[PDB]
Amino acid sequence: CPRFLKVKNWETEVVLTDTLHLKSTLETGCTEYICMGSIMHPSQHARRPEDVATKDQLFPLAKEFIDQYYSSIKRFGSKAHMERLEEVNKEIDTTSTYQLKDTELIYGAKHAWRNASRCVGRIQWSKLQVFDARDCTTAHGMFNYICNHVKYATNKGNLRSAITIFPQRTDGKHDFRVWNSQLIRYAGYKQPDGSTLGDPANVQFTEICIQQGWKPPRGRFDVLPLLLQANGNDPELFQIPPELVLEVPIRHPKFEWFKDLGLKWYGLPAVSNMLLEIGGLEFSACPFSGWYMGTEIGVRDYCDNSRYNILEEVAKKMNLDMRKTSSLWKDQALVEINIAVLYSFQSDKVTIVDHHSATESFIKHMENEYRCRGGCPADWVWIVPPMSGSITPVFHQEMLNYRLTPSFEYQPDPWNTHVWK
Amino acid sequence: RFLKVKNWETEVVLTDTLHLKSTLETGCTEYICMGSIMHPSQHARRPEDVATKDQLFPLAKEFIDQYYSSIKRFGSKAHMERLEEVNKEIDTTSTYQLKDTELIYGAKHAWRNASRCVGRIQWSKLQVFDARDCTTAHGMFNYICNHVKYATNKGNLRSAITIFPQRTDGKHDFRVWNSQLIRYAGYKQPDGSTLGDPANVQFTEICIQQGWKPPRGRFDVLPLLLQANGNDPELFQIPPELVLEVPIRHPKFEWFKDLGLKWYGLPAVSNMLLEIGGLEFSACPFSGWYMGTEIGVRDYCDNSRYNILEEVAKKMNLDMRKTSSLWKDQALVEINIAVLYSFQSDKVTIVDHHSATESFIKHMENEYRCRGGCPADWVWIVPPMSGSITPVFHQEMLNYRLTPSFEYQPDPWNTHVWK
Ligand code: HEM
Ligand code: HEM
Ligand SMILES: N=C(Nc1ccc2c(ccn2C2CCNCC2)c1)c1cccs1
Ligand SMILES: N=C(Nc1ccc2c(ccn2C2CCNCC2)c1)c1cccs1
Ligand SMILES: C[C@H](O)[C@H](O)[C@H]1CNc2nc(N)[nH]c(=O)c2N1
Ligand SMILES: C[C@H](O)[C@H](O)[C@H]1CNc2nc(N)[nH]c(=O)c2N1
Ligand SMILES: [Zn+2]
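Order-wise, the sequence lines are chains A and B.
Heads up, PDB author numbering is the position in the first sequence plus 301, with the first residue counted as 1.
Heads up, PDB author numbering is the position in the second sequence plus 303, with the first residue counted as 1.
Be a bit skeptical, because a hint or two may be false.
[Unchecked claim] Some but not every residue of chain B turned toward chain A, in silico, with C-beta under 8 angstroms:
hint, residue
1, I335
2, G338
3, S607
4, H657
5, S689
6, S691
7, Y703
Derived from the structure by calculation, the hints contain no laboratory data.
All C-beta atoms, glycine included, are put in the ideal place defined by N, C-alpha and C.
Put together the whole structure using the sequences plus the hints.
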């Protein structure tokens, strides 16, 4: 690979020079003859519960991370650096794994976020509260840690980014897993007539919860129970205390009828099914939370045809001409729904960011990373917002996408792999 | 290996085998993705990279083979004779000439293979004008006038391409210096701002230096600047009756007409390079019709173009003090309603981004069934507004390079030695 790669911003003519791509250690999925940039889950962005490192695989992955850590604290080559290398190597030799120091765990989690090429929110990466839950042994203990996380991160609406890290993978038969895809999500219920009540995206998981014993209220916005797996055991159900679940009723500054739609959303997005990889170690349960960009709710959750799918009903109440696509009735209603989401979160003093502010901040972050770090991996397909793409600055920004470690990765859904006791 | 692409809205999975036929590079590697880079080295053609006899026969052979495979006569007597005829011609002249059937097939397939074009459901309906006998800029003017008249068709636009003589030694290139046949001038003002289209300031300055008398307005149609056989380019005025324009008005906002906006009906790209069988056609203006967002989102609302969001939101009496009011997004939709309404009212062909992306999904389905795949660049296919409420946003695409193809080339004023 060439030593310097340039990216151009076609609106400002700013040219940035990337050298950090030379440190890439993981594959993207593309080849020299095909680009897979729009594939959602290439196998290179995933981790199966089985590519558990052997001793020999683990040694160089650990050294690479330890070297990167001691380089960051300006102690590369120090006595402490060499002693830590030797301690880790002895641990891998005698136990086939090793334990991160608290300092290294925090560094690793922050950098997995810093390295997440699909995240537009990374200007915040160094402000992450890391909760060490590696002493957890039971699903009840996981519930405790998760409740404390939710309460801390919610902070009565002044949201604070946080991650809780449960024990790392050992032999693959003792995994900790949060079976939920997010800590807070709404149930979906398939009806005998083919319609769906609630959130269609969560129908499969809802059915699992019901099979495990959950009694469903069968409403439109039912918060799902936690389904928590500790030490490879069968998962167990817990209800999050409702006072810990902050929600926002959606209303519109101009349209008084918008509140009659009965819409609401939860304030805290907390992804709970990804895998955190640090120095070859695999943290299969690592729920992390930030705050929302408004389009996540107003465009995707509400307006995707496969989700709540509200464009028609909103357009009807707006008295729009819906008989031709070229009236752009869908586009008009989409904007008004996203106005409503931002207005409702701001009115209730729940942290949220609009897509103009978020992408403008991301450009500033990217430029700083190029200047201070030598680059910033970014996935244009994910960074550009799902509405009004070209009136945001990231649309015009060339980006380079590549995979650095530590990293967040996808992993198979646990019900597809779990061996029931 | 076979590669699968999934639509995450409809769960339709398609299986791509056509990518196995590409030999050109993408710019990506196993360790870096360049999918959002606008002009990687792999989508451009420099004049110095002229082909030699040695490079040209395998490229010619590949193209003849796929042509005769396409008419289901691979290995036939005609196929054998054509390969021998082409071989002798490269040998004795360092190049070869396409048959008329091959030129048409090659131009249609360059369009079919254009991974960034959402309009490709139309690919087999393309009028091909053979201009390979042209020798002078006056001849180029005539061919281009005939193209504009044919394609405009009084508003019932018809896709067309005019193909001028191929590159020989690189010192005798035919070039249209305009980026599109019809574009509006842009002028740097004393106070540092730009009048007209900022995208065309440099080309406008060259026309002025060459003697064009500028009206210094907001929507002045530029003259044609035409280069034949490597000679200095010459200026020509397209006859105004041939230039179809649309004044922009809004169906509800009667004040919108007072913005004084207009656009032209015929998008006609004239600075790309057509590559067929190793031959390079450096002047190949091609035209279709607009998707509304090209004008309403990019031309009018890019900060670096006409940049009208603030004026429109002013007339809409929107609160512009905070971005979270989405005042830009509101004005953006109303501008794009006006563009579509105005073309439709004047019976000028245009497609909205909902209809266009819907047609592209159907096109992909067609191509996967009959051809084994469809190269597509998500970054370009997804429209610049309302992305995820169009079906292509949810469609995984594979991007790969097939030939014949359209490629970028350097602007002629960076290469040209003036005699
Ligand atoms: C602080 C405020 C944050 C904002 C506004 C934000 C914004 C976003 C958005 C809008 C997406 C795309 C989500 C989608 O389309 O489904 C995303 C993706 C992502 N975020 Fe952030 N985020 C924030 C914090 C965080 C934190 C704290 C972490 C982890 C510690 C994180 C890790 C990620 C990852 C890994 C992805 C992409 C997942 C993938 O690779 O597919 N984000 N973010
Ligand atoms: C007939 C109706 C057509 C429609 C609606 C259409 C639509 C579009 C649009 C919206 C773009 C993106 C333009 C931009 O963002 O600047 C595009 C790109 C493109 N179009 Fe089509 N197009 C049509 C016909 C054609 C024809 C007839 C040709 C050539 C014979 C063609 C060749 C191309 C190419 C090569 C590109 C991509 C340029 C690149 O590779 O960077 N299109 N098209
Ligand atoms: N603002 C956010 N939103 C968001 C929502 C869902 C997300 C992500 C990253 C992955 N996911 C899921 C993964 C499964 N597929 C759907 C997307 C980010 C954040 C969540 C956590 C910190 S910030
Ligand atoms: N509907 C169209 N629109 C359009 C506009 C500009 C285009 C293209 C393809 C390349 N260009 C230019 C190339 C220089 N860089 C800016 C884009 C297509 C069409 C033009 C011709 C047939 S259809
Ligand atoms: C097929 C395509 O990759 C897919 O729809 C992607 C597009 N970009 C995205 N971008 C974000 N931020 N989130 C998404 O879920 C998607 N989906
Ligand atoms: C940096 C990025 O590639 C650039 O802004 C692209 C994005 N997608 C695009 N898509 C289309 N159709 N046309 C464009 O000019 C662009 N520009
Ligand atoms: Zn790629």
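The hints, checked one at a time:
1. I335: holds (5 angstroms)
2. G338: Holds, about 3 angstroms.
3. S607: holds (5 angstroms)
4. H657: holds (4 angstroms)
5. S689: Cβ of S689 of chain B sits 5 angstroms from chain A, so the hint holds.
6. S691: Where the cut-off is 8 angstroms and the nearest Cβ of chain A is about 4 angstroms from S691 of chain B, the hint holds.
7. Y703: holds (5 angstroms)
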